[PDB]
Structures are given as C-alpha cells and as structure tokens.
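Chemist: Next come the chains, spelled out residue by residue.
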Amino acid sequence: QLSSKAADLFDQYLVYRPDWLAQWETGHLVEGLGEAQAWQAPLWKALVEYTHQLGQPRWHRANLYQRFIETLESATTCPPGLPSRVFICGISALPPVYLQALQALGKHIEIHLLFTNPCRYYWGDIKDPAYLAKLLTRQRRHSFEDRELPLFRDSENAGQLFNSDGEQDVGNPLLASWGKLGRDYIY
Amino acid sequence: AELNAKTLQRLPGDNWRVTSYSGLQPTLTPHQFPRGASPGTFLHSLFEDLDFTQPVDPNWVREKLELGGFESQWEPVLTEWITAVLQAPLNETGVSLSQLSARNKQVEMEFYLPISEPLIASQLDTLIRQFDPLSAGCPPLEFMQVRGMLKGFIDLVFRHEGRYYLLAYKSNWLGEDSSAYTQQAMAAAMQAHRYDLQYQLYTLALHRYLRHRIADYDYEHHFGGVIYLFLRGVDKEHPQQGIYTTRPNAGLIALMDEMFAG
Amino acid sequence: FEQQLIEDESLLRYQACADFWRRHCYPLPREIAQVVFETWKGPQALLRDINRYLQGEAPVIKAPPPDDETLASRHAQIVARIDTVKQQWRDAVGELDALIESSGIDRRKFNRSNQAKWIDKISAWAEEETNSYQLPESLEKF
Amino acid sequence: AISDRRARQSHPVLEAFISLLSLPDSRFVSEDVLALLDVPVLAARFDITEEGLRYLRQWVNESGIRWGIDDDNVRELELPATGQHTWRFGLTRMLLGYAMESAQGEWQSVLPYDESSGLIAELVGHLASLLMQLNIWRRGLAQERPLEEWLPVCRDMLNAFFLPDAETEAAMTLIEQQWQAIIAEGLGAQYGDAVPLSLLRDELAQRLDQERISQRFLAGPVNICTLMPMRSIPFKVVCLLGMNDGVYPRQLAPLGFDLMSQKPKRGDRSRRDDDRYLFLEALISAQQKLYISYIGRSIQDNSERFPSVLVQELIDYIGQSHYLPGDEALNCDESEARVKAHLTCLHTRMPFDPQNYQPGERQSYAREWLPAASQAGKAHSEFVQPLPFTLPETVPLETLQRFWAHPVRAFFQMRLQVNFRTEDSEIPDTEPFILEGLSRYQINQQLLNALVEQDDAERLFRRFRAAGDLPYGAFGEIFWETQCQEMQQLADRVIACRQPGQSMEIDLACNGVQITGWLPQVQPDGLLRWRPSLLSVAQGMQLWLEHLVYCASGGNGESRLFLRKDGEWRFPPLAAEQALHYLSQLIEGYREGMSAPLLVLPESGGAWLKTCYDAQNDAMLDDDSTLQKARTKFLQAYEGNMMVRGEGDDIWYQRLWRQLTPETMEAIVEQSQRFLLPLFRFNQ
Amino acid sequence: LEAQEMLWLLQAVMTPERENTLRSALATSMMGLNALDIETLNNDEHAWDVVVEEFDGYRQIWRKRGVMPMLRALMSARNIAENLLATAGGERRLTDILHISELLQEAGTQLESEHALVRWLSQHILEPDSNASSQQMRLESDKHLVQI
Amino acid sequence: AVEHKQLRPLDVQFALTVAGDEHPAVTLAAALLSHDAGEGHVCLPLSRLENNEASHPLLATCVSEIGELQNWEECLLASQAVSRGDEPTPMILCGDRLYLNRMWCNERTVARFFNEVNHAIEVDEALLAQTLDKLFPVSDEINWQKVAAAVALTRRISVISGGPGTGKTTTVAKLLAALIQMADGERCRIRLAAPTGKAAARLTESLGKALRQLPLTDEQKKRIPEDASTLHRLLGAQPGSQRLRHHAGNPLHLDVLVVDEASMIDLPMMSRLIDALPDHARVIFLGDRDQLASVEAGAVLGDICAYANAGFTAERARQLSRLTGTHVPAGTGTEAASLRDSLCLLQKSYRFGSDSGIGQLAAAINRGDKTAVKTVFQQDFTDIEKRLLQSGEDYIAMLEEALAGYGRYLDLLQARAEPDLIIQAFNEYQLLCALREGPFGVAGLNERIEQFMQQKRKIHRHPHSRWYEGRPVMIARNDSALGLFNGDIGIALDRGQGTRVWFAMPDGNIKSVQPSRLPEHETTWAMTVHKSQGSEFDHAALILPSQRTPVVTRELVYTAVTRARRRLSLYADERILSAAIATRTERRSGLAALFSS
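Protein chains in written order, with full-length UniProt numbering: chain P, 126 to 312; chain W, 886 to 910, 938 to 1174; chain D, 148 to 289; chain E, 438 to 1121; chain V, 591 to 738; chain A, 10 to 606.
Since the hints were derived computationally from the structure, they do not count as laboratory data.
A hint or two may mislead.
[To be verified] Where chain V lies over chain E, by a calculated footprint (3+ residues, C-beta under 8 Å):
1) 819-827
2) 846-855
3) 1059-1067
Even for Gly, the Cβ is constructed at its ideal location relative to N, Cα and C.
Next comes chain P alone, as it looks inside the complex:
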C-alpha cells in the first residue's frame, strides 16, 4: 500500500513537478517543502540508481521535456515524420509543461486549439502590471468579420478590476465560484 501510494505520488511528480525530481536526482533538498520530503528525496534518487543498476533505460518524462524544447528551438531544419496539423478540441485542462512543449511544437507545425470558454472577455488572473500591459497589447480578431476586438470591456479601467495580488473581481458569482479550472487555464 505504501509502495502504491508513493508510486502514484511519483507519477504525479513526473507529470506536474519535474524540477523537484531533477533536484532529487542530484541529492539536494528544496527549501520550503513539507516533512515528507525528508523521506521522499532519498527514496526517489535510490530509485533512479536502481533502474541504473538494472538493464532498464534511464530516460523518463521529467528529464526529457527541457531537452525536447531545446532541440526544437536549436534545430534549423524540420524533422521528418511530424504531422501536418494537430487539433486540440474539448480539452480545458493541461499542465504548463505540456503547454511549453506544445509551444515549441507549434513554432514549426500549425496546431489548432479549440477552447470552449463561457465568457467572451478576459476572466482570468494577472501576474504583474507589466504583464497587464502585455495582455492589453494583445487583441483578438474575428474569423469572418476580420475586425480587431479587445480583451477587456474597458481598457482604461482594466487595472481597477484586478486586485493587488492579481485576482480579477469577477462580476458573475457563478463563474467565479465554479470556473476556477478554466480561470487557471485561460491564464
């Protein structure tokens, strides 16, 4: 039972938190984590040695994504075998690692992302006022009308909607109470 729960936690770390496993492979702790890391950091590294002791391959999901991004940004010619266009439809939840890989994939091959959002304006959070100006400079355009449309309803009063920490005061309480996953995904 302990092995199954620790394997599920290690799979969640392989999906979501690759930096923690990358630092645990060397043997150094991460400042600001819980007490369970005191038994989770040596448990992972001795795992990486154990598959290093056997004939199994070394490569996994966590250590490969940075090299995959770099080998696509550093290449000059397109590699053969890649598809012409990839559609992402009906998907409203993805990790930032998958989006950072799909951005480097989309620099070469056109990828169409069909995302269903219930609101037409920006209803996510903000990071910095320098990021608020970057979001204000970005404007959408219609597929058939071909007219430029802004994100916020008011551009001069867009700074008053966000709080000091960066959370937008959503006027609709149902969207603010139920759509936290979409609120993170649109950000």
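Since chain P is already given, all that's left is putting chains W, D, E, V and A on it; use the hints.
Modeler: Quick look at chains W, D, E, V and A alone, frame taken from chain P:
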C-alpha cells in the same frame, strides 16, 4: 372531487440507432487449428501487430503464444504458415504483402457513415440484386428502418502503383480441412454469411473517403478492388485458394450514395 | 489506508463464544461438567450473560482469580472445603446440648437425620438447607 | 441507454474464483460448499446435476454435516478433535448407510444414514470427489511463493475446478489475462522476495471490477451517465439527479503526505474544482430545458435533506435576479422566496396520491394508478360462502379424525384443496448444544417407547450418540439421564395398568352413514394411549372420538390417556344410545364443517369452556368474574406469550380474519359450547 | 404475511405447471377471491388454463424485463391495488407489498439466476434481522393518527 | 468388463473409507464389491477376486502374520470390516461370497419369505374343479391357464410366468372369479399392485374389460377390484424420508394381492413388500421370465422363475390331476418342492402361433444366435425384415423406411382429420433405440427425423417456435392431477382454438391439454427399450448402435421382439446381433445357494 389523467397523443420516438453491419444481419496443421471466436481474434491481432516487411521471428511467435495462452508446440508450424501467408501474393498482377511500406498501409480504419432516409430493405435489396451477380439466390434479410449513423472497421487499406485496395480477414473456416476452398466454395460462403452487403458498404465508405481526402478523384481510376483473405485456405502451391478479389460495377456506388445521402 | 467496515458484529462474537465453549467445556470431566451445566445450558446463555460486557470498554473485575487457577483446582478446593465440614459433622455427631426454645421445634433431630444421609460422596455440589438450622446466629435468635 | 456503469460480465465465475482463492482461509462451512455447487460450472465439472444438488441439499441437512472438512482442519484451528459433525464424519455416515442399514447399529461409533442406499449415493461419490480436491489446494495455497512460481497456479486452478464452456470462456480468459498482467508488472521490476497469496488475491479482486462501459453513450436512446470531466456536449434537455448535500460534489481526501497539496500551483487539478467546473459546463451546455431533482425529505423518518451548495447558489441567484409579474413591487426577500417556492415542485410521497392527478400545472401520465386514485373499486368480499355438500354413505374414521384435529385446515386442504406449503428450514451453522423442539420430542417419544418394553436405555443412548444428535461428551449423558428419569417416572404410571390387547375392526351404521376403520391396541380393560406431551384439548377430543367409536359396538370399559406432569384424560364407559347420539352429533358437525368453515377452536375454545364449566353441578356459570376469566383464558390461549406460540399465530386463521373481532369470538365460543361440551362433561 | 404471500406468488410464477402452488398462491389475501371463486376455478378447466397462460406470460416478462415490470403487470391486470385501496385497512398492506417489491428489485439486479432471488427472499423471511433499509415505514401521512 | 475397470469415485472412496489403515487386499476387495454392487451384482465370489486380480500375489506379499494370511477368508476376517454374520459389520462373508450388510439382509429376507412362509392352503377340491370347469370351456387337452389358476388358488404365494400375448389377464380374471366363487361367505379384499403408473392403468383397463365379461352377482360385482396402485403408493413411500406407513408394525389389511409385472421389481422393493405382508395374505406375482432385468441392483423374478424349468413335484402332479381333472405331467427330482410347486409356465400363446415369426423369433432369442439367423433367413414369415446399417446411404434408407412407416400418420396429419385417428395411426409404427445421445440414441434420431421433415415437404417447422404442428411428445414424470403417466404419448396439433396436445386416454376418450400445462415433454420419434415396456406397437423397428455396448444383450432384443405385434424391422450389424444373444446379463446373487438348501 373528480380527477383525470393525461394521455400521450403520438409515439415517443422514431427508430434512431447507431449500429454496425452485425446489427443489420500431419498432427500440426492450420486445418486442425481450434475454430472459435477467440482464436479468430487472436489471429486477427497477430496479423494486425505483425510487420509485413520484416521476416517473422519464431521467438516472437512463441512470446505471442505465451501472451495469448495457446500451446507451445503449435509455434514452429504457425510461423512457417504465417510466412506461407506472407509469401502468397494477393492481387491480379501478383503483388505480395512485403512490397507495402508503412505509409502505404493503414490497419483498422474506423468509419462513420450517415444516412438521413429510413432504410427500406425492399428498396435496398432490389438495388443490390440489380447489379450484384451473387444475389441470384440469397432471399432478402429483414431489418427495421434504420436512420442515423453506421459504424464500420475496415481491416486494411493499402495503395500500390497509384491504385487503392481493401483487405479484410475471415478466419473461422470450420467446415473445410482439405483443398476444397475454391472460388465456388468461397462464393457460397459469401452468399451464406451475407458478406456482400459488408463489402458493398466498404466500397461506399472507401469511395466517400477517397472523394473527401483526394481532390480530383475518380472511382474507376483510383479504386482497384476488394480482397478477402481466408487464412486457413492459403496454400503455397495454390495462389488462387485463400484470396477472393471482387470489383463492383461502378454504378451501384453512385446510386447507393444517392440513397444514403437523400 | 483502505479498510472494510462491518455493520453487524454479533456473528463473529457468537463464533468466538462457541470456540471458547469448545476449547473449555468439552474436555471437562463429569464432576465439573455437572456444575458447568448447572450454571449454563450452553454457550448461548454465557453469551447472553456477557454480551453487555463484550461490547464497548472492557470493565475491571473486582478481585480477579489468579492466572494459574483452572476449573479443576477450584473444584478440588470446594470439594475439600465441603469434605472438611462433612468430617467435622461426622466427628461431632451424636450429641444435643442446646436449650429447646418455643420457636425451635423438636423435629431438628430429623434434620440431623437428613444430615446423616447427606454425607455419602462429594460428587454433588449443592448442600442441604438443614445446615441453615445449624447456624449459631440463627439458633441464637430462635 | 445506460453508460458509464461498471462492467459486470459473469458474477458466478469471478466470485467463485475469488472464493477459491480464499480456500485455506475458509472454514469449509456446508452452506459455502453448497453455494459453490450452485454454480453450474463447478457442478458440471464433477458431473453433478440439478436433481443431484437437490438430493445433496437434504442429504447434507440430515447427515449432520456442519463445519470442518477434515480432522486435521479441526486440529489446525486450535480446537479439540471431536470426531463428529465434520465432512469426513458425514461421508463415513453416508457410506455406511450405503453399505449397512440403520437398524443394525453402530460400527465405529458412526450410525449409518439409511436414505442414500441405491445408485443415487453414487452422487455422494461425486461430492467426496469435490472436497478432497478442496483439501489439496487448501494445502497448496497456504505456503508463500515467489512471483516466478505463481504463473501456472491460476491456470491449474481453472483447469481443475472449472470446465470450459461457450459462455464462461471469456471470463476465464479475462482471469488469465489479469493474472498474467499482474505477474508481468511484478516481474518487470524483478522482484526477488516471496509474495503472499492474499496480496495477489486482493489485487485481482480490485483489478477485476475496475472495467467500465461507455459504448452506448450517444446511440440514439436517451443517455444515462455520470458526470465525466472535460466532456461538455450541447443538448436540448439536460436533467440532473442526486444533487443533494454530501453526494455531490464528490469529495476525495488527499493522501496527507503529498507535497502538491501543501504548495499549490496553477496547473494543479483537484476533484472539487473539477466537479464545480462540470456543474458550470452542465449549466452552459443546456440549450432548451434544465431539470434538477434532489432528495429533500427522508423516506425513513421524514427528515429534511438539504440540497448541494451549487444548487443553492443557483436558486439564490435566480431569486435575486428575477421576479414574478404577480407581485411587481412587494419586497426583495419575499419575492425571492416566492420565486424559489414557485420553482420548487414538492411532489407527493406515494404514486397513488390523488394530488398528482389533479388538473393544473403538473399532471401524472401514469394511467395505471388512475383507478387507484379514483377510489371507484370494489372491496374484498368475505371468504366464507355457503357451498353445496352431500354427505356420502361411507365416511371413514380417519376423515373424522383429520376433521376434528383441525376443522379449518380440513376445510382448506380437503374441500378446496388449498394447502399453504411453507419452505423447509435451512441447515444450522453449528452442532446442537441443547435439545429443544422436534428433536427433543422425538428423543422423548423413542425413549418412552423403549422404556415401555423395559429395554436397555444405554443401547438407545449409544444409538443416538453415534448419529451426532446428542451433545458431545458429558452434556449428552446428562441430557440422556434427565430424560431417562422423566420417562421412567412416566413409565412407572404407564405400565402399572397395561394389558396386552390387539387391534380390532370398526364397522358402524349411524343415521344411514357407514363408518369403517380400525382401532389399535384394544385391551379388555378398554383403551390405553400414552404420549409424552402436555395436557391439551386436541388429544382429549381424539380420545373422546375413539371412545365413542369403541363404545358404540360393545366394549364396556374406560378410556385412559397419560400425559406428562401427572396429566390424565379419562372417560367412563357409556351406553350404546348416548354413544350413537354423540357420533351422529359429530357427523352433523362434520357435514356442517364441509359446507361452511366450522369455527371450533380446540385449545382456546376448550380453555373458555373449562373456565366456564362446572363439573360438580353439570351447569355453566354466568357470573361476571368467570365471564372475564374465560375471556382472559381465551386471549391467553389464542395469542400466547413471547416464549410460547399461540393458537392465533397460524396460516389458517389469518386467512379468514386479520383481527379477532368479538363477534367471531362469540361465534367460536358458541360452537365450542355446542361441540366441546362432552369433553369436559365426561372428564374424570 | 405479505412477504409469505409474495413468496407464494413468486413460486407460482416460477413454476406455473404444478397446480398446487398456483392454487395456494391464488387463494391468498393479496388476490382477494371468495371460496366460490376458488371452487369455480377448480371446476372450470378453461379458466385455470387462462390463469396458467397469463402466469406463463408473467414468467416471460420476469425473464425478459425483471421483477418490478412483472409485479406491475400483475397488479395492473388483476387490479389488486385498487381493491386493496378500496378495502379499509389495506393501505398498510399495499405499502408493505410495494416495499417488498422494491427490495426484491434491489436484490434481483445483484443476482443472475432467477431461483436465487426466491432463495434470498425465503432466507430474509427466515432471518428476522433488522437493517436500516428493511424496516417498516409509515403507512400514511395525510390521516392524523395517535402517535405512540 | 470394460465399465468394471473404470472405477467410479464412489467405489474408490468407499474402499478408502472402510478399509483405511488396513491391508490393500481389503481395499481392493471393497472396491470390487462396491463396483459389482453399482453394476447390479448382489454377491461377489471369492474365486473371481482371487483369480482375476493381478495384485493378488502383491497383497499376498503385503500381509505379515503368523499364518501369513494365505487364505482370503482369514485375511478378510482379520480386519474389523468383514465378519461371518454376527458382528455389526458393513461387509458380510458367509458362503464364500462377500456382500454388503443391506444386500445380505435383503437376500436372507427374500429366501425366508420364499422358503418358509409359503405353506399350502387346503380347500375343497370338488367345488374348485367345478368352478374351473364352468369357467374354462376347453377341457379336451392340457390348458396351462387352468393349471395356473388352480396352483394360484391352491397355494398362498404363487408366481405366474408368461410372455406377452399369452392371455395372462384372462387367466387372472378367471382366477379371481374362481376365488370369489370358492369363498362365498368369506369376504375378500383383493388388491392390485404395479411398479409403474402406466402399467397400473393398463392393468386397470384390462381387468375392467375382462371382469365385466364373466357372469357375476350383485355381491360378486361389489367385490370387483377397484384400481391398481403403485408399489411406492401402496406401501406409502414419502419423498423426503424413506419411512413407509406399513413398514414393519401394521401390515396391509388385504386378503389377496396381485402384483403385476414383477420383472421391474428390484430387490429392495421386494424386501419392503415382504415385510409389509401379514401372515394370512396370498400373493400372486405376474410377469415374464425372459423379460428385461430390474432397474436397480437385483434380479428377483428371474432367480425365482429359474426353477420353473424343473417341473412340479410327484405329489403336486397328482394334486393338479385331481384338481383339473386331466393328466398333468410330473417333474423329475425334488430340490425345493415349495418353490417348484408355487411356479407355473405359460407356453400356449393365443395372439400368435407358429405361423407368425414373432413367437418363433422370441423362442430363438433364448436359444443360440444361429437359430435366430435361421428364423430371420427362411421366407422372413412376412413379419420380420432385416436392413443392414453401416454407412450414410443405409441411414438414408432407414429414414426412407421410417417415412414409409409413418406414411399414414403424415397422410392423416396433412388432411386435417380428427386427432383420434391421428393418434391411432401414430400408435402403429414405432422406433426402438438403445442409447440416448450420439448418432444412435433418442435425441439424435429425433433431431435427424426433424431435419428430414424439414427437408422434404411433409411437416412445416418453425425454427424458433419449437411447437410446430405434428410433433409427438412424451411425459417423463408422473402427474396424477392431469391424468397422464410416465410413458404416455401426445400429439400436438391445431383443432382451431390453438396448438394443443391431444392425449389418448385408456378409457377410450381424448384429452386436449395446453402445451404450457405439460410438466415434461420430450420428442418421441424413437423410444428407448427400457421406457417402452408395458406398451404395445403394431409395427416396431429396432435400431442398434454400431458401438459395442453392454446394454444390447439377449433380454434387450427379446423385449424388442415382443414389443411388436405383427411387423418388426431391424437396423443392426450381424456381429452385434450375434454377440447380443450369446452375452446374457447374468447377475451374481446368493439366491441360487439359499434356495438349494
């Protein structure tokens, strides 16, 4: 006080259902193979997973028999039988399966076919019998008016010298152990199991697929025929036994497309 | 991390009580099993007696028996305690020196005859009621 | 079309394989083996049919098989070796019954079982073929084995205990696939240490029930499915069920030692936020109509069950965002409550309520409950009806005895042939520690029939101990000693006045009615009957009928019956005229009981009569104290206490009336005064 | 008694060939027939043939559609629910019949065989153990009663 | 035998449980005894155990005692499982034959009943001779029915051995008429017993049509036997328990008991019937000597009637000559005068003579196989046909001959006539098969006949209905509520009210039952020879399997021959027919030694 109950005036719904073709219907030898649904699906998965360009390895067949759970004594006869299947060409020109590259082949193509009209069996069986010569016998099946979608799973689609071809796998073949699986016995099996409707729907789906995918498409120019491969009927000395090549009249497909469209 | 909660616990409790009655009451001899049968007919009566103590917090028993005392040792101790009184009755028999009172009837010698036939064997467990006539606190009040 | 349900393919294959994986941990109870033999695969493996299973049910029930496959299994559980009430004891008993009759006696302190005697005991040779196999794997699956040795174990178990069939082929294929997948995932890490059996059993039981089906999600029939995340499809009508509190949102507690729950990031996913986004997508995806139903009132105690927080926020936003045109300007909170009450449709508790069929906003479409709600049906008429019945010429004495044993039962099971057949009792789980009920009565009857001939009580004790019906060891000896004391006390009164008498013939002609029968054990002193029962009125009625049929043709003498606790029924000899008159009265009662149900209760009516009768003056008392004590005795004998089953608790009396009305009570009193009066008139 | 009547009805549905079980199930208080009706049913062979045919149809519904459809077709064709609602004191019996039907439908989905549900019902009749779901409910709520 | 080598698990578990820690000789002896009890042999001779076992020297090396246990009797008596008849042991060895305790007890009970209790009831010979003269009109030559009735009314226990078609029921009617005319003032409660319900119904209808012919009186018609009961119903057998109502204490209050068809009475049923009889009832047994053996283990009627071939006694011959008034021959020698006197042999068959080949074939069945080949060979008597069945073309020829046999049935079926003539035409032709499954059996021949009726345009059959018009069904279990017994045929047809099954009652009427009202139903285009006993068919056709089986023996072919009235066809090989006659189903029992002393 007086009280009454409301009564529904009409039927709640028409016959809308997304169905398939099945809804509308010495000591070691392949003849001595156990005939069943599970060995048929095992041979279908063996022909799906195996690569056609590379030669068949006996240890891979032994590992696949370990994963499936069959006897280990059958393995050295099965692999040479598999290569005997792979050495036998299935074409009107003599094209083998080893000449097909990975980009040319496509295994287990799943298609959905729409139909907006109520499918009348009397208006369809007569249209089949007007052009198909195998419908001389075979009294017509009875099915309800099916309006909606139709599912299908084609085993293999492959192109060669600029011509597309279809390939399906039938491997039950319980009643034959000798070399009697000639073209007459295969035609009788096609008339008995009613695989003519399945092959006609496969030709219609492939025609619609090649029309949607390839621009400037012609049915006579690109399509070549449909091949049925009976696995237990393939012999090394008999190239014609085991394979069954059929080409439509190129006039039934347009009328069937007009019937399924509206 | 995962466990299965059960709603009814009476079946396993009755099974453990039957196992205790099998491993404790079966190899007893006749002179002990007679008293065990006089106490309870079977394990169902014992479970009906101790069902209010088996569930919940286990209570503390006042003056518990020692861990080495079995049923046979207690039976032999009570048999010797009865046999000492039987010997003291057999030694001091054949005399009457107490004064006859108005409450005390003169049939007490017949009760002594009932105590004369009582001392035959120590296979029984229940003494006679006529020993209640031989109490100094009851004879003094009479 | 129902989708997202758990895939249930073959329960009696997977559950039987799971029970076979718990074979050493099982106690081998007889019910668990008859449940394993209920599976047609395990029964067809050992050549057992359904008729053979039906014979084996009663064979195991009567042969004394309760628990324990072998004596070594009894010694394994730290229990004393009793030697009886095991599977080996029952097998030896059935084989000795196949070899030797039960009248011969014991051979190895095992009484034979006289039922299985012919070729049908060959099925016993099938059952002994099963449990022996159930021994071998019990010694096989106990030892711990490494993962390289658990490969052929499930395959050998499948080819040993189960037979391949057309239906159950896919279940065995899935069992082999899951077992080999578990062993392949174990050997991919190259596990070297030993692995116990229970871990693999729990893993296979968890992996076998994990499969789901979602093939018919959008086939065309209406879709029944659970809320699945990241799946939002636009529909015209969207209905929601089970939106009460606690059920939704589905809460999954974290592991506690996970570090992702401590420091949350942007891309972290939780089930609560996924369920809230699913509710938002269900609100957005609804195009035309949205239906929401939740359990609001409890079905047990009628307690108020609050809905979920999402539906409460939805109805709060509805009440704060909209208002009815009836109250245009009344208030803010009152209009919100009026909107929330107008939207809330509190349906009725029962479907046959007339409120649902009232015309208005909502109306039910169930026309099957419309006449139930209309209250236009006929009531249940009385079961008692006057039937035509002609008294035949030759009415035997056995028919009169079966009539006067129970008149309502003789009216039910003989006139209209309605016999309420109850199912037989199940096999108990343990050996009999005490003796009570039918077994104690049969033991007392056989002991009284043995002591009436001055036979050896110890031989019958060994005979009853060899069959396992007695408790083990000293307690069975104590029970046999006290029952022998009671039966000797009864026999000292029984054989004090016993004379050798033979059975005689009875051929009578009374009122043009012929009575043919036989009376057993007719002594020159009269009639002598003995039964180890209590003082009851039914045995007195039987003895009075036998005395009437004996005194009518000669036979001057008394009739005596001896019960327990010094109970005695005595009838003096009477003349031929009074006996023929009372026999004609009983024949008239029989012909009245065949046309109409003769409400003559023997026990309660006899108790009422013996409370009201006075044998000194041959007259019935009429004071209020006796009239109240007779009602008390009638209510005591009709409905008994919580330890004695009363006369009113019967399947023949509940059919006529459900509650004992005083009118039917007075009718029963009058019928008992008319018929049961010569019972207490000639009693001495 | 309603559980025993439902057991007799299920035994008559499962085995309608033997007339003894069907006669014992027809004479119950759930059907509500007089002694003259039972006598004319025993005398007329054609009415008993119609009863056997409709019980075979009930067995076909029970094998194809389940427990509650068979019970609803039996309560609608015989119209016993209206007769129990018309009889004074029969509403509690009808609610007990409906609860027994709901429990039989809840226990019939977890069992594959048809005789296994009959054995489960006979076992739960023989087992008086009290569960939270298998307790008696309130018979009526509209009519005011003295609450002990 | 072949089946005797393949040990049942019952015999193996019995040998492992009874012997246990004893010598393996006792284990092998218990296994062989249990296998012979399962096959039907009552006793086990020690010569077959000593000679026909390869492990006999090995067990001779297994035992180690002072006397080395060289004899099998000492080796068996050394164990606690075998005794001489005193100790309560499962196995009993008395006359160098090992049996079980129940079989030995029942065999000694039967020997006591047939050796000691059978005394001679002395009655008036003049009135008996006058009643025999006034009942039997033939007094010119020797009539076996008159001698059978005289020897049944003379003694208490009497066995009447006779084949079918010999006028047995007329002899029973004459016996009962002379019994009532002899005892006028004495009341006689005559009772009739049968092993099966169908044979009981046939006995009731036969005695009903026989007793109304003879002239009686108003008090004599009152003492007519009302009905024939089953032996499990007469003794009061229960479904749950095996306890009888008249087991040992109270006997059945009967004066005379006529038990028909004693060939189907096994040893335990005979022993249960013996213990129920009082010390004054007179029992008359009916049945054929050469008929098929009993169902369970035992052979009562054959071991009883084996001594009928010796003849009567010297005093009994003069007694029968004084009774019948004719010249009765005497039997040579005297071994058991009571049993040889109580027996009788019926040889004059009235429904068939020497001109018909059925009686000649039945007489040649008990003789050698060459006699049967000669009986079939010369001119066939226009009654018996022989068709060779080896390959598929012979199977098609057999199906064509079955079509020619069922031609009138299909002609009356297609013409939409009354069902009574349809049943009367179906009861004229019948196939008799040995096994149940396979290509040669009940369900195989039934499915092949249904496929042949589907091929040729004779019977229209729906594949999913299973109740097409014209299918013959038969019931497997008894049902007294519907009036149909086990072994009764019904024909499903449409009279206009729906598809219902018509049954031909023995009273002469027809009953139309719903197919949903049938408790059991199996297709009966070909019946088994064991299940066709008691019935009679005009045109029978035997089909024997090519596989060698112990079921096909002399008694099976004899019951297949006597089942036909006039015409009989055969579909078998010559070697199987030659081997079935020589291989007689012998059952080893202790009655041959107990009746000899």
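Chemist: Now, for every hint given, state plainly whether the structure supports it.
Modeler: Each hint tested on the structure:
| no. | hint | result |
| --- | --- | --- |
| 1 | 819-827 | holds (count 5) |
| 2 | 846-855 | holds (count 3) |
| 3 | 1059-1067 | violated (count 0) |
Violated hints amount to a single one, hint 3; each of the other numbered hints is respected by the structure.
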